[PDB]
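Novice: Based on the provided sequences and hints, a complete structural model is requested.
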Amino acid sequence: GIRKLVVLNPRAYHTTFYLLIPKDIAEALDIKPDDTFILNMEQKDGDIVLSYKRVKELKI
Amino acid sequence: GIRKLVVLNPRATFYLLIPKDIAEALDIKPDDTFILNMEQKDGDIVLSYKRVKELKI
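Chains A and B are the protein sequences, given in the same order. Going by the authors' numbering, the letters in the first sequence line up with residues 4 to 16, 22 to 68, in that order. Going by the authors' numbering, the letters in the second sequence line up with residues 4 to 15, 24 to 68, in that order.
Any given hint could be a false lead.
[Unchecked claim] Calculated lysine to any residue pairs in the SDA-like style (CA-CA distance at most 25 Å, straight line):
id, chain 1, residue 1, chain 2, residue 2
1, B, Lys31, A, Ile5
2, B, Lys61, A, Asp38
3, A, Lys52, B, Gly54
4, B, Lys61, B, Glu50
5, B, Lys64, A, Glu50
6, B, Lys67, A, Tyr26
7, B, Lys61, A, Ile68
8, B, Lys52, B, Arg62
Bear in mind the hints are in silico, worked out from the structure with no lab data behind them.
Specialist: Listed below in structure tokens is the structure:
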């Protein structure tokens with residue numbers, strides 16, 4: 004009856025934005041800098057969602 | 004039958028970029044709040060960052 008959820012803010016650096029990939033999580037799915045993701049804009053109950061899907065075929 | 008698409012790589024701590032165009036389109040602001048939901052699909056992971064309202068930080 005309980006779960007941890009991580010909250011975030013975009014990381015700014022015009023202005024470029026990024027989204028952190030939690031330490032512990034990156035280790036679980038063994039995220040490698042060469043991992044390839046395609047991003048899709050989606051929505052749920054009026055809340056925008058940015059889904060980053062990992063597709064191995066796209067690695068180079 | 005042609006198409007140009009953007010592919011993203013984790014940029015090292025790793026971060027994922029929010030393409031200028033999408034960021035603008037969705038009016039991303041540095042104080043927006045997102046929760047990170049994970050899902051499995053086509054045999055692989057998905058990092059869904061939902062921009063929520065009823066939360067802060």
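Novice: Against this structure, judge whether each hint is valid.
Specialist: Now the hints, each set against the structure:
no., hint, result
1, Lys31/B with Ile5/A, "36 Å, violated"
2, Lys61/B with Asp38/A, "22 Å, holds"
3, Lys52/A with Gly54/B, "23 Å, holds"
4, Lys61/B with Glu50/B, "13 Å, holds"
5, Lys64/B with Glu50/A, "16 Å, holds"
6, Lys67/B with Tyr26/A, "18 Å, holds"
7, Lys61/B with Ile68/A, "29 Å, violated"
8, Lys52/B with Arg62/B, "21 Å, holds"
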